[PDB]
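Okay, here we've got a single chain as structure tokens, the form deposited without the ligand, with questions on binding and movement later.
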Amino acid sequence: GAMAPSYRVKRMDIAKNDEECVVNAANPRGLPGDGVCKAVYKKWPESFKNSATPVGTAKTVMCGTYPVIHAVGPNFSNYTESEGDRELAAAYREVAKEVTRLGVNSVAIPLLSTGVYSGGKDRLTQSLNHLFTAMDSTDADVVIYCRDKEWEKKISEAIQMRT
């Protein structure tokens, strides 16, 4: 694992990450999708072979030797706040298992269910806190990728607050 495991945030395309593996904000059917998922499909299309997996799970498919961890967050348009919150926590716990199994020293990760699956709500804090609950026990360097300038500041602050 990393010598001093850290969290960092960068405002850039996750398809251009500098980490040993990537988490996709996938859909359950392994379709090219939108946003993060479409950028991952363009960069690592080979990783979508048998990538379909249920809501609240993660499935890893290799693009050459580069791992892509397909994590399926809930679409809060379809789920109740209560059940959606449970599936969103579960998807991140499955990401932590896969990162540990792969023995990577670093992982690039988006905030699950904060885009078209947000059901029109700001879910920065909800999603980021479930990311921390899952990843805190792992020793990989975690690099969170976002698009919005205000989200970059809020994620950076939330990381710094824990020290």
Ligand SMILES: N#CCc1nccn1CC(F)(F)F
Given for the second form:
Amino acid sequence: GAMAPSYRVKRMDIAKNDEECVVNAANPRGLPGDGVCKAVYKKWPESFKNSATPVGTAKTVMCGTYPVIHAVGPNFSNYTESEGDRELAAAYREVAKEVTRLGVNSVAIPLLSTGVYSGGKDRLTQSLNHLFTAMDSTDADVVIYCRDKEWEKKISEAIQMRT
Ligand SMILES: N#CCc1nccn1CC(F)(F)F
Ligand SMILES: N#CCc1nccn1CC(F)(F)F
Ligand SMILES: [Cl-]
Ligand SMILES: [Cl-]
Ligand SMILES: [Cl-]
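One more: the block was the form deposited without the ligand; return the form solved in complex with the ligand.
Whole complex next, starting from this chain.
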């Protein structure tokens, strides 16, 4: 575990993370995809061997000894708000199980279902609160990655609010 488990936020490409493992915002088919998933495919392509997994699940594949946790959030274009919310919460619970199983002291994690799977809505708060619900009982240092300047400020505020 980390000596004083923390949350932090950085605005940069998650493929350049300084953590012991990474969470990919994967598609269910283990395809290269776009956005975070394509950056992850370029950096860790070996981790896409048998990475296909259903919505609401996470599947870890090693790239050398570096773990890539493929977490499949729902595409809100296809799910109802209710069913999508349930699958988004479930994907983060499976990430917390994998992080715990791996025994890592730190994890890099993107906000699932906030980009091309958002169904054109702002889901920062919804996705971040499901992240916290899953990760708060873990003792890994969590570093959240984002690309937008206003999102960095909102995520930083949300972390600081809990102290
Ligand atoms: N509503 C929305 C999408 C949005 N705007 C700025 C950042 N984001 C998240 C995203 F970049 F799409 F992943
Ligand atoms: N069939 C479907 C998707 C759906 N139904 C109601 C809301 N949504 C998602 C969206 F509104 F696009 F975010
Ligand atoms: Cl960058
Ligand atoms: Cl997405
Ligand atoms: Cl972002």
